[PDB]
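Using the sequences provided together with the hints, build the complete structure.
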Amino acid sequence: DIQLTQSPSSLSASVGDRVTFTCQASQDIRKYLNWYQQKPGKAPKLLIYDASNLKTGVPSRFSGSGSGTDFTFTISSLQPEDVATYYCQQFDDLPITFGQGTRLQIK
Amino acid sequence: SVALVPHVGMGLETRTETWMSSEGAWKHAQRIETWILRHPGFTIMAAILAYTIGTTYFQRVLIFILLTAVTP
Amino acid sequence: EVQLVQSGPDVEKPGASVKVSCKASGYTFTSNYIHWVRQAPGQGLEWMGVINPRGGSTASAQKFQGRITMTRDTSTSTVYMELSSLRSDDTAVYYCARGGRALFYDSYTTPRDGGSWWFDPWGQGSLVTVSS
Amino acid sequence: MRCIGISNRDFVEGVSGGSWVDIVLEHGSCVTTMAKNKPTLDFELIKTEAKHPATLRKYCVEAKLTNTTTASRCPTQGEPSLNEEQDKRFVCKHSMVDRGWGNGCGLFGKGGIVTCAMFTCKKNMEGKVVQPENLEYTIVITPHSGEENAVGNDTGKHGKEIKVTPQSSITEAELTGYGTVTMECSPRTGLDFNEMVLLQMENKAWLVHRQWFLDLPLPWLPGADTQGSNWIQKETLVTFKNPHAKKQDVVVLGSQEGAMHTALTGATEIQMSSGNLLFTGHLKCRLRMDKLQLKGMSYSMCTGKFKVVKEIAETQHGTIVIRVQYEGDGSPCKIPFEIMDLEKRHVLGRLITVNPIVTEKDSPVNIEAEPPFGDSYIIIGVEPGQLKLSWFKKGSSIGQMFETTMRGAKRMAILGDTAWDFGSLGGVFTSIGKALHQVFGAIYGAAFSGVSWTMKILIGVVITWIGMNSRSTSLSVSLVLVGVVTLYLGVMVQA
Amino acid sequence: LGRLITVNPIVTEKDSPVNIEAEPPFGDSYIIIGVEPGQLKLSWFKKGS
Ligand SMILES: *[C@@H]1O[C@H](CO)[C@@H](O[C@@H]2O[C@H](CO)[C@@H](O)[C@H](O)[C@H]2NC(C)=O)[C@H](O)[C@H]1NC(C)=O
Ligand SMILES: *[C@@H]1O[C@H](CO)[C@@H](O)[C@H](O)[C@H]1NC(C)=O
Numbered sequence: 001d002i003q004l005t006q007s008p009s010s011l012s013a014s015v016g017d018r019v020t021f022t023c024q025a026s027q028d029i030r031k032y033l034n035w036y037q038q039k040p041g042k043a044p045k046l047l048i049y050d051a052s053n054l055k056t057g058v059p060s061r062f063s064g065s066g067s068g069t070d071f072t073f074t075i076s077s078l079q080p081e082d083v084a085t086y087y088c089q090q091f092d093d094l095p096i097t098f099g100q101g102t103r104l105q106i107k
Numbered sequence: 001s002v003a004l005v006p007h008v009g010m011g012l013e014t015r016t017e018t019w020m021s022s023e024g025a026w027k028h029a030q031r032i033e034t035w036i037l038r039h040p041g042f043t044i045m046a047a048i049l050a051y052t053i054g055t056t057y058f059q060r061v062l063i064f065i066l067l068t069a070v071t072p
Numbered sequence: 001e002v003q004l005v006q007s008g009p010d011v012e013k014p015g016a017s018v019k020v021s022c023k024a025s026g027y028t029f030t031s032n033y034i035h036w037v038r039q040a041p042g043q044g045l046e047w048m049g050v051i052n053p054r055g056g057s058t059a060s061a062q063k064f065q066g067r068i069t070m071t072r073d074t075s076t077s078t079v080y081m082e083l084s085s086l087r088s089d090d091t092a093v094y095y096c097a098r099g100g101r102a103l104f105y106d107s108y109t110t111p112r113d114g115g116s117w118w119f120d121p122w123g124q125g126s127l128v129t130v131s132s
Numbered sequence: 001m002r003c004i005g006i007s008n009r010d011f012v013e014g015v016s017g018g019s020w021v022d023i024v025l026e027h028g029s030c031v032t033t034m035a036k037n038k039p040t041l042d043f044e045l046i047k048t049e050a051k052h053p054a055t056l057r058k059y060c061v062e063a064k065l066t067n068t069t070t071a072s073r074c075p076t077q078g079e080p081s082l083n084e085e086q087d088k089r090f091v092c093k094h095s096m097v098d099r100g101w102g103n104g105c106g107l108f109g110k111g112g113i114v115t116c117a118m119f120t121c122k123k124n125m126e127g128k129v130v131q132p133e134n135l136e137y138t139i140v141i142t143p144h145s146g147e148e149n150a151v152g153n154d155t156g157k158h159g160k161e162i163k164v165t166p167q168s169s170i171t172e173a174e175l176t177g178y179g180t181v182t183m184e185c186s187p188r189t190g191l192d193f194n195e196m197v198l199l200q201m202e203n204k205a206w207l208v209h210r211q212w213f214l215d216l217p218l219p220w221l222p223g224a225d226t227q228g229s230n231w232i233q234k235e236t237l238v239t240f241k242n243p244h245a246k247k248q249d250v251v252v253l254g255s256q257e258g259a260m261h262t263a264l265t266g267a268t269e270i271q272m273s274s275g276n277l278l279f280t281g282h283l284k285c286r287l288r289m290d291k292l293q294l295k296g297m298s299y300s301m302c303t304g305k306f307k308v309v310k311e312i313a314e315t316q317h318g319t320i321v322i323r324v325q326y327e328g329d330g331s332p333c334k335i336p337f338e339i340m341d342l343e344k345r346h347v348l349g350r351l352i353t354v355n356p357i358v359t360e361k362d363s364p365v366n367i368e369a370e371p372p373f374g375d376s377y378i379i380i381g382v383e384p385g386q387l388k389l390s391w392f393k394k395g396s397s398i399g400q401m402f403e404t405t406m407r408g409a410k411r412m413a414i415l416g417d418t419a420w421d422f423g424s425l426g427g428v429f430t431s432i433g434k435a436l437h438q439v440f441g442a443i444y445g446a447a448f449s450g451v452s453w454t455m456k457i458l459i460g461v462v463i464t465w466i467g468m469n470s471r472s473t474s475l476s477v478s479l480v481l482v483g484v485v486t487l488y489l490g491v492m493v494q495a
Numbered sequence: 348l349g350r351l352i353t354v355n356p357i358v359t360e361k362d363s364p365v366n367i368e369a370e371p372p373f374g375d376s377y378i379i380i381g382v383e384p385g386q387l388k389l390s391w392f393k394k395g396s
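Residue numbers (the authors' numbering), protein chains in the order written: chain L, 1 to 107; chain E, 1 to 72; chain H, 1 to 132; chain B, 1 to 495; chain C, 348 to 396.
Please keep in mind that the hints were generated in silico from the structure rather than gathered at the bench. Don't take every hint at face value.
Unchecked claim - Listed next, with one range per pair, are the computed distances between beta-carbon atoms:
id : chain 1 : residue 1 : chain 2 : residue 2 : range
1  : H       : 17        : B       : 254       : 52 to 62 angstroms
2  : L       : 40        : C       : 370       : 52 to 62 angstroms
3  : C       : 375       : B       : 14        : 45 to 55 angstroms
4  : B       : 236       : E       : 57        : 39 to 49 angstroms
5  : C       : 366       : H       : 21        : 54 to 64 angstroms
6  : C       : 366       : B       : 466       : 50 to 60 angstroms
7  : B       : 290       : E       : 4         : 52 to 62 angstroms
8  : B       : 466       : E       : 37        : 25 to 35 angstroms
9  : E       : 57        : B       : 241       : 46 to 56 angstroms
10 : H       : 8         : L       : 15        : 35 to 45 angstroms
11 : C       : 393       : B       : 432       : 44 to 54 angstroms
12 : B       : 290       : C       : 396       : 29 to 39 angstroms
Stated by the list, open to error - For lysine to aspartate or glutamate, the following DMTMM-like pairs were computed, each having C-alpha atoms within a straight-line distance of at most 25 angstroms:
id : chain 1 : residue 1 : chain 2 : residue 2
13 : C       : 394       : B       : 184
14 : B       : 58        : L       : 93
15 : B       : 128       : L       : 28
16 : B       : 47        : L       : 1
17 : B       : 456       : E       : 23
18 : B       : 434       : C       : 375
19 : C       : 394       : B       : 136
20 : B       : 123       : B       : 202
Unchecked claim - Just some of the chain B residues that point at chain H, by a computed CB distance under 8 angstroms:
id : residue
21 : 224
22 : 226
23 : 229
24 : 233
Note that CB positions come from ideal geometry on N, CA and C, so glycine has one too.
Structural data, given as structure tokens:
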């Protein structure tokens with residue numbers, strides 16, 4: 001039921017850029033959000049749990065912020081191994097819903 | 001079924017009218033009056049029983065109105 | 001190490017039922033929940049349901065009302081998902097992650113947060129194709 | 001304002017104790033408060049929202065049957081078995097019919113028989129519960145003193161829309177300038193959740209208490225279904241025909257949606273489409289008001305030449321409103337409003353706008369006030385006495401006191417000991433009345449409840465007769481107390 | 348009027364969710380933890396007797 005809109009749907013940027021993603025929820029999900037990368041046809045990897053925390057083993061160029069319903073994911077320096085489909089995901093209330101996705105293209 | 005136990009004196013009221021808005025009360029009264037009107041013989045039998053047992057007048061009236069209301 | 005292994009890809013008939021395994025390694029198998037997530041190729045991710053290894057309660061989403069069954073084997077530390085009434089929309093890649101565990105049972109949300117949904121321990125992926 | 005013509009409105013006098021006033025407010029009515037300063041605020045309650053429910057139960061309302069297996073063994077050897085009795089998804093029943101050599105078996109007895117049917121379900125009751133958190137009350141608090149666009153229109157941004165939750169506190173709200181108002185809600189003494197069940201049918205929902213909802217027929221199913229359909233009931237639904245001797249058969253009992261609605265009469269309804277939009281129910285604020293100017297004293301008595309642009313407009317026992325249009329060079333000033341008597345001046349009314357004020361220029365400011373029960377001259381001009389208006393509040397003093405007594409009886413009715421908290425600054429008497437009525441209504445709690453309109457008025461008249469029979473002056477605490485509370489409760493309930 | 352059964356509760360090094368148990372009386376109660384801007388009150392109603 002709880003919807004999750006992910007914006008924008010696709011981006012292109014050059015190597016070293018700073019890119020931000022925005023996810024909006026129809027309900028209050030106060031901290032329950034997760035950010036994932038997915039390399040296409042590969043085994044994917046968690047980036048951010050609790051919408052603010054790095055996983056150990058993830059490099060420090062990734063970050064996330066936001067509290068109420070609007071959440072911002074941020075890559076400080078875009079690197080050529082970071083071309084992936086990026087997802088944001090609610091954890092609250094359990095008809096567990098993903099974002100639509102965000103594809104990246106290297107310039 | 002859920003034809004009965006019609007959630008009546010449970011509490012939980014408010015300022016506003018609840019579901020049937022004073023139509024269920026008149027529903028109850030009109031259907032028991034209609035059932036009395038269709039079956040007069042049981043009413044006469046209840047009146048005879050009220051006159052026989054009890055025999056103080058208030059007790060008679062009480063058990064007569066009860067035996068009119070004992071119908072399911 | 002911290003690892004899960006799934007079964008190989010399968011192709012089944014419409015209206016049949018398919019069974020996908022999810023074997024665990026590297027930890028105590030009753031210290032995490034197991035959760036199943038699908039992904040159609042022309043779509044993002046979609047959650048299917050939840051099993052607990054300790055004990056064995058399950059639940060699922062409303063889109064899979066009465067179509068999905070989840071069992072396990074504690075001795076082999078393995079979780080089985082069985083999807084029934086297969087149609088062409090079920091052709092997807094299947095995933096089985098783990099959750100941080102409200103000790104006893106189910107898909108709790110108040111104990112902090114599950115913590116991934118589902119890409120830390122998850123496995124290698126099970127492609128299921130419904131065709132004639 | 002936002003509170004005119006919404007009658008059953010809760011006037012509140014007194015602020016003493018420093019600033020705290022106890023207000024009990026609900027979705028239906030709204031509350032207007034007053035003090036010797038600190039201008040009159042209006043407390044309208046709007047939607048309640050319980051954010052995170054949890055699903056506890058599924059009742060099936062319509063069902064269908066299929067695959068219809070049946071079996072019978074023999075006359076008194078064997079009681080019949082069937083392999084599709086193994087699933088609890090099938091409904092099964094044993095019976096005894098008859099058997100003989102016409103049927104083929106032998107021994108000519110009354111042999112047993114089974115019947116079985118697969119149970120598939122149509123649209124359901126999706127009953128949910130909520131904890132006494134994850135729920136917010138939204139209160140619009142709005143001030144008086146001018147600003148045309150409509151002494152009604154609760155839609156619109158003049159009163160602030162402050163939220164409150166039991167995870168929150170003293171409820172600081174800000175207004176234009178003066179209105180720093182602190183509200184300390186006690187939402188846990190409200191509807192008393194963990195005794196509530198929200199009940200969703202196809203489009204609607206209802207608020208019914210928990211024991212009734214558990215006790216109800218129309219098959220059980222717990223919240224963890226998904227791939228279940230494990231309905232542990234069905235003696236209340238699907239019925240099995242058995243004619244005189246031979247073969248028995250299965251019968252769907254049909255949709256009980258109408259019977260469901262007839263069951264949940266006497267229960268409040270609720271729209272529940274977007275998460276939740278919970279309605280009618282009350283809550284209890286304590287109100288602190290220090291932090292309040294009068295929107296400027298800081299002015300002058302104005303020049304003159306006002307102009308009415310609206311009628312006399314009496315609302316609901318005295319509250320009369322007048323919309324004046326200042327004409328002149330005001331540089332916004334006060335409005336010299338008075339409610340006077342006739343000549344040899346005996347000025348006696350009250351103004352509930354306190355310190356009304358003109359805005360920047362021509363803008364039709366409006367003023368509400370309460371005259372006495374008879375003739376009155378409402379005057380607004382000063383130097384050429386500019387404008388008087390005659391008004392006759394029909395009224396009474398005794399009728400006003402009796403209607404206030406009826407309001408107090410309705411507060412001894414529907415809203416409970418919170419209505420003993422509905423006043424303020426009572427100290428000894430109000431607190432001891434609340435505790436006494438607490439234990440008294442607890443003894444008349446469950447404790448003689450659960451009864452309908454008719455049976456309550458009948459038990460009232462029989463207990464008032466047995467009090468009228470007058471033994472040893474127990475007839476008071478009998479007859480007069482019990483007859484008053486039973487009749488004035490019975491004719492007012494089932495609203 | 349209550350009692351605290353944690354006696355002298357204490358914060359650890361930094362952000363770490365410390366937890367406190369206590370016993371209110373049988374009715375209304377305001378459990379308070381902040382000080383200088385009165386930081387946080389909570390209402391609670393132990394039903395009891
Ligand atoms: C209730 O309040 C609304 C919001 O102020 C009023 O709508 C305004 O009406 C005035 C009248 O000229 C317009 O100038 C505003 O632009 C309106 N505001 C809007 C559309 O947001 C509404 O008229 C009020 N109700 C009544 C009955 O007057
Ligand atoms: C019930 O009957 C239908 C057709 O008559 C059949 O397709 C279905 O499999 C049957 N159900 C079971 C449980 O065998």
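Honestly, which of those hints from before does the structure not fit? As far as the earlier hints go, 1, 3, 5, 11, 24 are violated by this structure, in ascending order.
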